[PDB]
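Student: Given next are the chains, with one letter for each unit.
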Amino acid sequence: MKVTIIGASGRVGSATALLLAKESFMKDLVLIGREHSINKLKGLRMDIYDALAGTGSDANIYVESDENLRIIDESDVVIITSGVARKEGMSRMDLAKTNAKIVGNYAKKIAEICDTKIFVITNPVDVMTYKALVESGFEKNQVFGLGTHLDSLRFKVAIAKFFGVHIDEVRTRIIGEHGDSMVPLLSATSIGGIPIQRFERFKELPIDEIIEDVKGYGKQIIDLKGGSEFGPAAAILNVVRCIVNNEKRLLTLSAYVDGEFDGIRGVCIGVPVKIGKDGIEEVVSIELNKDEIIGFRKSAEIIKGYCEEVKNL
Amino acid sequence: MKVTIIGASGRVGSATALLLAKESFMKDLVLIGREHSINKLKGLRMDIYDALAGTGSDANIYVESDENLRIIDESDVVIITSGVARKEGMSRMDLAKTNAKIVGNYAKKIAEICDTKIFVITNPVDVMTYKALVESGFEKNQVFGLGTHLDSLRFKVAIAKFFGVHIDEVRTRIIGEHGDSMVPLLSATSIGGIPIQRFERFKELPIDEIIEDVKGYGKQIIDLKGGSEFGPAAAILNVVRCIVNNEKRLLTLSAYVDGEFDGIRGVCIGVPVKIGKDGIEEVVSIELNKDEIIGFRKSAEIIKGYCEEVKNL
Amino acid sequence: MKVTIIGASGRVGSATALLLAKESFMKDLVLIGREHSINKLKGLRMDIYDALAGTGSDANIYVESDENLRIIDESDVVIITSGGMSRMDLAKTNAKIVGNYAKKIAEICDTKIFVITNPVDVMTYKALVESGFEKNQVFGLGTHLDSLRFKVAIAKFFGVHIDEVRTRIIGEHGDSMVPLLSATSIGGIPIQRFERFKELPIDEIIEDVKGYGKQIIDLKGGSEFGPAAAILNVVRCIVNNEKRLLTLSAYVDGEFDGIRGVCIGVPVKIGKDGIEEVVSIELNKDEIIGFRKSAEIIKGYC
Amino acid sequence: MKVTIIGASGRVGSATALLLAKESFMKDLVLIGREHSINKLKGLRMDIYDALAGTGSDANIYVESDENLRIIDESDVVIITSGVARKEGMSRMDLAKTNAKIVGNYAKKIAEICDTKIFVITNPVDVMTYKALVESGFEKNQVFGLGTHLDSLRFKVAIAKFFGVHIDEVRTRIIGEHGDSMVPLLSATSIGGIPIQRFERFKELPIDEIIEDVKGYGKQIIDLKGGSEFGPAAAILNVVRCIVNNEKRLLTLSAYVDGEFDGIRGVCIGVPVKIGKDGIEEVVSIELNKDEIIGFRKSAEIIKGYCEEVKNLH
Ligand SMILES: NC(=O)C1=CN([C@@H]2O[C@H](COP(=O)(O)OP(=O)(O)OC[C@H]3O[C@@H](n4cnc5c(N)ncnc54)[C@H](OP(=O)(O)O)[C@@H]3O)[C@@H](O)[C@H]2O)C=CC1
Ligand SMILES: NC(=O)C1=CN([C@@H]2O[C@H](COP(=O)(O)OP(=O)(O)OC[C@H]3O[C@@H](n4cnc5c(N)ncnc54)[C@H](OP(=O)(O)O)[C@@H]3O)[C@@H](O)[C@H]2O)C=CC1
Ligand SMILES: NC(=O)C1=CN([C@@H]2O[C@H](COP(=O)(O)OP(=O)(O)OC[C@H]3O[C@@H](n4cnc5c(N)ncnc54)[C@H](OP(=O)(O)O)[C@@H]3O)[C@@H](O)[C@H]2O)C=CC1
Ligand SMILES: NC(=O)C1=CN([C@@H]2O[C@H](COP(=O)(O)OP(=O)(O)OC[C@H]3O[C@@H](n4cnc5c(N)ncnc54)[C@H](OP(=O)(O)O)[C@@H]3O)[C@@H](O)[C@H]2O)C=CC1
Ligand SMILES: [K+]
Ligand SMILES: [K+]
Ligand SMILES: [K+]
Ligand SMILES: [K+]
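Residue numbers (the authors' numbering), protein chains in the order written: chain C, 1 to 313; chain B, 1 to 313; chain D, 1 to 83, 89 to 307; chain A, 1 to 314.
Simulated from the structure, these hints should not be mistaken for lab results.
Where a beta carbon is used, it is the ideal one built from N, C-alpha and C, also for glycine.
It is possible that some hints are incorrect.
[What the hints assert, rightly or not] Okay, derived cross-link-like pairs now, BS3-like style, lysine-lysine, Cα gap no bigger than 25 Å in a straight line:
#  : chain 1 : residue 1 : chain 2 : residue 2
1  : B       : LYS40     : D       : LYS215
2  : B       : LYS219    : B       : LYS304
3  : B       : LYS97     : B       : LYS215
4  : A       : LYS2      : C       : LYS161
5  : C       : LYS219    : C       : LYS304
6  : A       : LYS215    : B       : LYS42
7  : C       : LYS298    : C       : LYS108
8  : C       : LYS27     : D       : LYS22
9  : D       : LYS215    : D       : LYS161
10 : C       : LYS274    : C       : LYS97
11 : A       : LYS40     : C       : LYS215
12 : A       : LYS27     : B       : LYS277
13 : A       : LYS304    : A       : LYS290
14 : C       : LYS277    : C       : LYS97
15 : C       : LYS42     : A       : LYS215
16 : B       : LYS219    : D       : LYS40
17 : A       : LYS290    : D       : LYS203
[To be verified] Chain B is faced by these chain C residues, among others (derived, beta-carbon under 10 Å):
#  : residue
18 : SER65
19 : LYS140
20 : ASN141
21 : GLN142
22 : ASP168
23 : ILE191
24 : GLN197
25 : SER285
26 : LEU288
Produce the entire structure from the sequences given, and follow the hints as far as they go.
Tutor: What follows is the structure, given as structure tokens:
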């Protein structure tokens, strides 16, 4: 597999490059960034190769500036982590538009070298995925973002740790925006295939506290460690692996939705999606509880209220 | 880890020995059998080691008679596959009575050498696990059987392949007898954490035909291939790996039930159970639908009908 | 990846189907065999699938008869296991089956042929001939398994992990096999740099290696797990383009002094294009003379 | 397995905590650091758990100050990463004497809680491993350091990439000091078990350039990326995996040598070693060329010079 990471110089990008290169399926990793970081990206490559000696793997790691994008040719997936972080004062809309410009330019330049999938990781992830689809011209099967996937996994760990089960034993889901308007789906939470509502502990579950903790999780990591890198990279690798082996898996990712749900249309939002070799091959239609569906509609409306201002910027 | 396979000369035993030795956690494998099989088991040892060189793994494989059982000392687990094969005219009770003597003798001898877990694979498995618990004297946590685990996995593959998803995406369960009175738990069937009852293809799911195919799958494999060996070994390795890495996972296995479900007491039957480092650390009590619970109760009545005849044989 | 096993109903074929389907890269496994075996292989497909639920893997396993071979199309590799007799008798009988199957493969698609049937060094030659493929496409297991058995021997004698040893046995998959003590390392450290090489019972170890297979036939009825694991190792090297220096049966066109025009076990660089190179190495005088004798025997049968 | 990473707040410590918790054999990971780092470690734990969800693994990660060390008890291994960073004007002896106090106090305190193995990573690695053995009081088997293991891995990738083979195909070694006096052992360089001296490119091998690049590789990553984190972590995980599964493997690591090589005695230096469940179970005696052995002796003399002045620095 050939995967190009635009923004490997970053925290999440560099961790992602490590986790991907050490995989057997990864054969040609392309580390891209702006010119001033090329030397940094040349150090990263070095470091990665050392790990590849201790893990017993090998790959062909490349390093280039954001001008020569023919290195991106024939790439199966291009992960875009490039973006400006949220400093003090920037409104949600301000960062939305700034990173919209960055990500849309990258998507346009990608679409002009080869026909590939674009895995958007930059925030606002829903709006950036929307701008990526617009500026790439690719199909909806090709453009997707990380969305609320990581929040779903962060909810999964908490449900498991409270229920005394392995993390992988719990399989929950949080659809909607990667933000405060997120909707946790207790209807699609099961532990061993057993709906969580079939256990006597679901009555003792502090769902309100767990959901509050999940909502503020990212800012907590930003404050304690300065930022999350290992978890985001692991989730990215999960999606990439589902693609490389065509594991037709029902994950939750940011996707363009065209009415597969009640009133949800013309928006890139976190949704249940069947991922495989051809990217998002389907937007799975699920039955939601009343509360879940009202919240989902409202969240998508907010996401569209932001998508509007970057569609032509 | 140390695991002793009593009956490694057999089909399932031999496949299990290979798939276990290949694992990193396996460090001492003991292949026990009757004396006339000692030449075969040694010939298996050789074969296994060749494969260990191709996978890059290594383990210390031993071969001994079923009269020298001190080699089993300090074993983490003892997997018992030894048993008579069902023949024409042999009723269910005939096999139960014949193999209860075999498994009870082996469990007795195991208890006299060391204090270990006994993983009974021999059939009728729900009844042989009971005989093993009785004659071993171990705690209810130490003795368990494969039960309906393989049936549940065979149900899983059908639900998944019919829903067009990766097998691992489906997580269904079948509790009850490892036989005709098995009750599949549609209440505990989910696909991606999403209860299958929330999908539109659930109404068009041929549930009755799929359960029919599951109930006859064993006879089918026996008529086409001569017996199942790989899949049973994979399920055995699954349980063994949950034990070794204390993966507190909610599986479906043959276990002694003492009132964790209404009307189900004093029997080894297929039930939901939390497996971890201490074997069966809990018999999880879950909400079953009315039809599922009535079926479970009838199934356990049948199982206890067989258990009473062999308890003192 | 798509891989087809001709003879999956057999021992090695069946175990190899299991070990291959289990892997993430295996996406399409085609099980081929004569018509009378179609029900056995079908049963195999069931058992495999159960194990695929126990390992958490998935694949698309197909079952077809050896008179409907269009399902071999687009295959990355086709492993051919189908196969008072003399050595020449078995060679002559299996040559017909191997050559016919290679022929029918060449008429379906341009793919790689992994010869497992014995005599391996001669059946690989016939596969290449009747296939019409390039020398890089057709290859055989050769002394790969013999080298691995010698590896476990060296390692278990020196008290180290099996993967810590890397020895080789080039030449015939038979009595004229030459073990390369010159190319035996333990941690990359030549075995001749240890105080134990003097105490190594090389004669006994090579005796056991030369009769290893026949003893497995007498004690277990045949080898299935080791052969399948070696086959999986080679298929793994191919799928990920791992340019790895393995010892396999290949056609040699003058890559060693005095040996040519034959498919024999040699040191080779395996990669995405099958055998991408016949590595040329320095052998001690004894090793090269023995390899020449082995080459002439193998060519005598060819 | 229980592993305690002292200095997990650092670069290598954090990467190592991730790579280790992610493995199936890791069941209880203890992340230790000074009090002011306790917040960062608490954040790191969060990151780790998120990764554990995406990898399908799970573990019990703990966080505690460097004053509450009773959590280290029962640890299978204690990786010591804590140390000062080399700075402008800090000489080799300066850093040796400074990190000696840190690692020595940590080794003492570890010995006061439990009898575990100590995996020293802090530099000067050979000297710090010697100080750790001295202050811990443990047997020579229990204390060991990363030494020239990563140097050997970097030499491995270079040899392999020049010979056109997979990295796992090459199995070279570099013994000696993790620094100036390292001796690459071309005697123990094999490619598929074939000594590199049996190939046609051994004559074409740019040995001088490759060894020089390896010798300055560390400062180059330090100047380009600010430090190495992933590769050191992977090597640490390699050694830890050998210890957990009793993989009796012949790795090159920093260990105390008592004459297994001619005259090489009374120092912790990079040596070929047989690692297993009991830590460093043996110092392998191999045949080295004349140049290799003389270089190893020079290296050992340098290491002894540094060990001498920090052996009693509390
Ligand atoms: N769940 C999710 O979807 C999550 C979202 N994210 C998002 O991903 C993005 C990356 O995060 P992280 O890697 O932690 O961030 P860093 O700030 O560490 O790195 C981001 C990279 O973006 C590039 N960059 C910065 N400014 C510009 C610019 N003005 N023009 C072009 N490229 C620029 C830089 O690389 P170079 O200098 O090479 O261009 C920089 O290293 C963030 O926006 C974050 O919000 C991350 C984690 C989770
Ligand atoms: N899902 C499940 O729960 C499954 C249950 N099973 C059951 O497990 C058992 C083993 O199956 P399989 O491995 O296919 O069977 P085999 O008959 O191939 O092997 C069982 C072994 O039992 C030993 N054995 C046979 N008779 C006796 C005896 N009278 N006294 C002592 N030992 C004896 C033999 O080994 P030796 O000659 O060395 O003693 C024989 O190899 C069967 O009863 C089968 O029904 C199997 C698969 C799935
Ligand atoms: N080191 C090596 O290279 C090794 C060599 N081998 C060789 O590979 C071959 C396969 O061994 P194994 O799988 O153990 O053998 P089995 O005899 O158990 O099965 C081989 C298969 O060959 C097929 N077959 C038999 N006769 C014919 C025929 N007349 N025409 C077509 N197909 C036929 C059958 O499958 P179907 O009925 O589906 O055709 C049968 O299952 C043997 O010759 C063995 O010597 C095996 C292991 C290691
Ligand atoms: N091949 C090898 O053997 C290599 C050796 N190393 C060496 O190991 C060490 C780790 O390097 P890196 O991880 O990059 O280092 P960092 O400096 O990033 O982290 C080291 C940690 O040590 C702790 N620390 C710093 N000063 C003191 C002190 N005075 N007393 C106690 N603890 C202190 C800090 O954690 P807290 O504040 O929580 O105590 C700090 O995070 C370095 O000395 C490096 O040279 C690294 C890589 C390879
Ligand atoms: K790779
Ligand atoms: K093992
Ligand atoms: K597969
Ligand atoms: K773990």
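Student: Output the indices of the hints that this structure fails to meet, ascending.
Tutor: Checked against the structure, the hints that fail are numbers 6, 7, 10, 14, 18, 19, 20, 21, while the rest are satisfied.
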